[PDB]
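Coming up is one lone chain in structure tokens, specifically the form deposited in one PDB entry.
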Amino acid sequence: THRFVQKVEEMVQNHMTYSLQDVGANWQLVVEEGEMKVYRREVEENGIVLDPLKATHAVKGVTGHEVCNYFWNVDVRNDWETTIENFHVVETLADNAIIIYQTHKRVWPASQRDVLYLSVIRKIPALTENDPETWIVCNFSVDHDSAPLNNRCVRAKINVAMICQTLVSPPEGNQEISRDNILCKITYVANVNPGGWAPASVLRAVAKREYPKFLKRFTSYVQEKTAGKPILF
């Protein structure tokens, strides 16, 4: 156990309840690239862009467990992440939960941002014998007494989740499932609070360009790293 067990439960359950809904007009579809659909709502609070982002995608030949492991595992973070300048693991809470501090590349003309968040990976059992199991990574801001002092940075706050359900062809008697017959259905949600002044059109343009690039690059990277390796369901 650790002091955030209840908090992690609430944040994960909130995603399972609300984030997995189909978007079916309050979500604007902003970018479509094949099976990748990126939606957003335009929201500003006390002057600053909060725009909730939600994306679906469908990735052949990887499992949700694999996607979530690659997304969570700090040891491969630098192989796919292109927005971070530095990260530091502040605290380990469990084999599946850590607290990370990171600084991002500056988005001109706004100040550089930093972020301090708990990152957790969980498997959520099928709601009924008829539903898929879900693997989820949730990255959500927390406070911490060993927060770094970084005067060049404004502190952003995030609530992100990478949510995956995996569909397979069943095994034909004594024969494994091939990666050809697996499909990972992703819902990715990102609620980022810049934590201070930033110009709305720039944030919007950057989100619209960079989220699709991120999803494409990260999902390709998982396919590339898992090709020809045993499936980890």
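Whichever C-alpha set is largest while still superposing within 1.5 Å between the two forms counts as the rigid core. Residue numbers count along the first chain shown, from 1. Compared with the form deposited in another entry:
- Core superposition between these two forms leaves every listed residue (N96, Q112, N150, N73) with a C-alpha shift below 2 angstroms except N150.
- With a cut-off of 2 Å and the rigid core superposed, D131 has a Cα displacement that reaches or exceeds the cut-off between these two forms.
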Second form
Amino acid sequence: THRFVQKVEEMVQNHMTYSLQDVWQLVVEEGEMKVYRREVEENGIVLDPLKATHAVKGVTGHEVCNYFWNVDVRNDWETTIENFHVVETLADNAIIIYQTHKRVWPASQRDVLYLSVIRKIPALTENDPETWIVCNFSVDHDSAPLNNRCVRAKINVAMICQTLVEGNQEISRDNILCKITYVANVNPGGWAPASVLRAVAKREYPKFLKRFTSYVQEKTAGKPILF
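Please give the other form, namely the form deposited in another entry, since only the form deposited in one PDB entry has been shown so far.
A lone chain is what you will see next.
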């Protein structure tokens, strides 16, 4: 019932419709992780859509999404931010976050102001696993005005997670696989030199996906499974 409910449903639906389609240049492949990028410059602004897939043993989609969304563990895995805070809590599954990013010479420092929502998308019936999604997308908020010290990036990011699993036995983490699709469409919000930006992305996206997925595996190991 919060004021962004209509926008959230639009953003989530568009991801479920378009973000799972099969793709674009391979940036890196390492184990089960594949990172792809489409080269796109629009009016000189580098928009380069990013899409990655991964298959992570021993964690569920619900777990992966909880850890990606939960701001309390953010600093345990995220390495590209200087500072962040929660501007507003909209619902138990929806918050607005302001954050500033590490500065990359020679461009101005970027900041971002986004709604971050976590949603369970049921299967047709409970015979099949639900999909979990976290969507982070830019919004306006009067408590976080555009400022003169940072260039305001505009983002649409999603992490979409599918969970793949004898007699009376218990399910073990060794027999669960989480298939992750991560998409990032980032508008840097102003001019940035293309070569510099592209080198940063090439390095930082795979770094993040490795670090983040390893983190969840480490923190869930030996804990009861949250489906």
